[PDB]
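Visitor: Here are the chains, one letter per residue:
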Amino acid sequence: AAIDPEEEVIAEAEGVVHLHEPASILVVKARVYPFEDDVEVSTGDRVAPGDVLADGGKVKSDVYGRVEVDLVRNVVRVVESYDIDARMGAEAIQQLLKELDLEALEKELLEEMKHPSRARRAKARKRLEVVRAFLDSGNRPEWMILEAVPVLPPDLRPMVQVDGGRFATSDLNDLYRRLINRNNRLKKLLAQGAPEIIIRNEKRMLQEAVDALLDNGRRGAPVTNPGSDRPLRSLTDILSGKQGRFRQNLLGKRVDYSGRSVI
Amino acid sequence: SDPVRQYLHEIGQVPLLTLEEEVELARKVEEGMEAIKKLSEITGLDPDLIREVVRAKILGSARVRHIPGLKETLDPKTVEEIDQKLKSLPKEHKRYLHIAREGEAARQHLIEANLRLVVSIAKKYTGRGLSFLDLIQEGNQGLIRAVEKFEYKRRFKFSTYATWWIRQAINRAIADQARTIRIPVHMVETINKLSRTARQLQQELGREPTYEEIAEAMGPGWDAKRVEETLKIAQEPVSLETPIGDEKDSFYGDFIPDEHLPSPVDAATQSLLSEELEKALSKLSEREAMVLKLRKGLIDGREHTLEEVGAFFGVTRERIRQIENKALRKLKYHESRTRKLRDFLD
Amino acid sequence: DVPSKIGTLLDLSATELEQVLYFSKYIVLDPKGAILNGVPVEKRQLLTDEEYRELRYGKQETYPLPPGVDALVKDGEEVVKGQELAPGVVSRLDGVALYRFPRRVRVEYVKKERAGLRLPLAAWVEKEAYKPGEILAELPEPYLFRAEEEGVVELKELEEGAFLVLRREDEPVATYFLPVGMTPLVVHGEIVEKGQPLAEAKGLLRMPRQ
DNA sequence: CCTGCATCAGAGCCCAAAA
DNA sequence: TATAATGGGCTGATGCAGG
RNA sequence: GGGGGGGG
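Chains as they are written, first to last, in the UniProt record's numbering: chain A, 369 to 631; chain B, 78 to 423; chain C, 107 to 316.
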């Protein structure tokens, strides 16, 4: 078949067809299951050995694999492959953290505490200290992963008009904007069914945006304003250091009813 | 450890398409869209709903979510229900299902194979206020758009069509997200124009142009006033955490007073005014003061004008305007003795 | 914050926790019976992208064929690792070979025609049918096969063997078959009269292979 | 087992500080 | 919405893979 | 990936 009616190849009379000079040869490790009648599985479905493919149950799969329905060759290919669950990112980790029974792990770690080499006992202790920490406190480990990200009230990250009518704003607003963009874009890419390469890039960018918001510079390059080398000031930066909230506004303050002069 | 390098490594794991392969995928995507159109008619369904159902099985169980616009919440129950109706088709109808599936598969491959094009376009747009990866993702969004609109019959290579949509997508991204104070896309375009214009004017004139020199160069509709107003709008805010020079111990925000919350003096003053204000309407009589108090309101602000006062003051309606004048008149006399309220005139 | 709190709970190193969180490596929740490099995939195993792709989507490879060069294997054919696909192409893995883009399609059209021949009698071997390649006759001395009709020659030459068709007006009056061992002495579009030699038949003449 | 060996968070106060 | 364009520019305290 | 002109 071709773009325009001319240049098509139509069979002149009765005959048989042979294919020659292929552009390339694709070697697939797969099983081929030809079918005369209708096929019951459509292409992309995943299939296990013994599962019925086509022709009312006559033809079935010998391997675990992915269905490729060839309407030209009139055959159902099954590419050897598994329904394996393997994930990337904070989504994966949150699940494993959800899937923790701390009671059991305490029991397990106590049994390891009855063991020489000192190091065995040392590491089992450190693990056991985190387990016991969560148990007494009542905190769920999966809480170390964020689903809802909190947004600080605006008057604490103000956008204010200064003297000149110019606007001055706290860096947290830019860190939030980056976050919001990547979140919104990720939702659109998901709804539009982008390939995994694109969604993976977006998801990892989303982690980075959250990371800069909470502690900027902590992991990776510090986020900066355009045309400035100045790292943006994140919440962690606000809390800590000489200029941080504790040593500046909390353990000492500027005060009213005070003055100064030469002695 | 380097997010740019990693992404570059992942794209490089998909080999580029041959003219045949490029045409093949493009062909399969187009045919598949035609297949989904047909399936709506036969089935009595919605092409968008069908498209998402077909697409769900190709990507796998990993991605299943509600898609904006679809009438049904898209969850494994409905997609099993709907998939079973499509697999309930006769052989000549059920073939159209297979076409749609392979279309989605090929769409995926086509997108993945063109990712390196987006990188080469985005790298030229660095430095405009979006990070390289942000530009790649917006550029990728355009690449996705390009695959859905591409008509392979026209015989153009894919790279030719894609490039337009990617440039469009990045430029819209830069215009939409680059400013803390967001600006309409059309207005950002005008602002950029003034820069280009002024840069020419300064390069030919050997000095900075006036507002007037730019306004002539911009043609009709533009005077100096408009050039000035546009630049004001184009001013970007500055960080409160900007060091005031010295860089050791000084922030710009530390020099900005808070004008909103009342100062101790101001709070005191407002309290003192209310206490002297009530201690004055009660010294004629509370009631003709209560009528006046009702007309202005200590807390509330109940000034209409003539109607509403028809109801409950206690009198009918012209009278309250009159007792308003005598309340205010006795108040004025009472004011000259208790002239303490003069100082509140600032 | 080291030792990582998440890391300590899950028995994950610093590097491992990085690789999962920052999308450098997969971690398996449910192997679903996968096995890689001879060992079964166990839960909480870290896979690279390449490992996951081999597990999840299968392993395959595509080999370019130099332009015009035809492959030594046919579409659909099972192939061992190391088998030679094309004069310069060697396959790296076992599996099904698939044609990508055939540049040349050859259609063998089915033709069933009734054609005549004349041979001496002592020289021909009696059979009710002749399979391709079967010996038709053996001539003690060369025999000249002659036209039995007058006409213009329409010559149709096969790979081996030939067909010859005489027509007056446009209506074919005869269809002759020349086996191998029979050399046409006439050329296409040649006028012939009844009795003049069309072909010399020398020695053993047999059915052509096709 | 122990040591190199790496990765991180410390580095005085208040006032002018001339942006 | 269409020539083609396809991979960036100084210290101490502590927890680790390695002799 | 942590830092500077003056007064005490």
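None of these hints come from the bench; they were simulated from the model. Wrong hints could be hidden among the right ones.
Computed Cβ-Cβ distance ranges for the label pairs, DEER-style [said to hold, decoys possible]:
1) B:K162 - A:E374: 38 to 48 Å
2) B:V315 - A:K621: 44 to 54 Å
3) A:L607 - B:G146: 15 to 25 Å
Think about it this way: if two alpha-carbon atoms lie no more than 27 Å apart in a straight line, the pair counts; the simulated DSSO-like pairs of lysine-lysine are [unchecked claim]:
4) A:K428 - B:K417
5) B:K356 - A:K397
6) C:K111 - A:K466
7) A:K482 - C:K262
8) A:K556 - B:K171
9) B:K356 - B:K302
10) C:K149 - C:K111
Backbone N, C-alpha and C fix where the C-beta goes; we use that ideal spot for every residue, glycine too.
Visitor: Evaluate each hint against the coordinates.
Guide: Verification of the hints:
Taken as a hint, the range 38 to 48 Å holds for the pair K162 of chain B and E374 of chain A, whose Cβ atoms sit roughly 41 Å apart. In this structure, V315 of chain B and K621 of chain A break the distance hint of 44 to 54 Å, their C-beta atoms being roughly 26 Å apart. For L607 of chain A and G146 of chain B, the hinted distance range of 15 to 25 Å is not satisfied, since their beta carbons lie about 44 Å from each other. Between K428 of chain A and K417 of chain B the CA atoms are separated by roughly 102 Å; this puts the pair beyond 27 Å, and the hint is violated.
Pair hint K356 of chain B plus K397 of chain A does not hold up; C-alpha atoms about 97 Å apart against a cutoff of 27 Å. For the suggested pair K111 of chain C and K466 of chain A, the alpha carbons sit about 14 Å apart, so the restraint of at most 27 Å is met. A hinted pair counts as satisfied when its Cα atoms are at most 27 Å apart, and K482 of chain A with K262 of chain C does not qualify at roughly 96 Å. Of the pairs offered as hints, the one joining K556 of chain A and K171 of chain B is violated, with about 31 Å between alpha carbons and a cut-off of 27 Å exceeded.
Simply put, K356 of chain B and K302 of chain B have alpha-carbon atoms about 53 Å apart, too far for the 27 Å limit, and the pair is violated. Pair hint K149 of chain C plus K111 of chain C holds up; C-alpha atoms about 21 Å apart against a cutoff of 27 Å.
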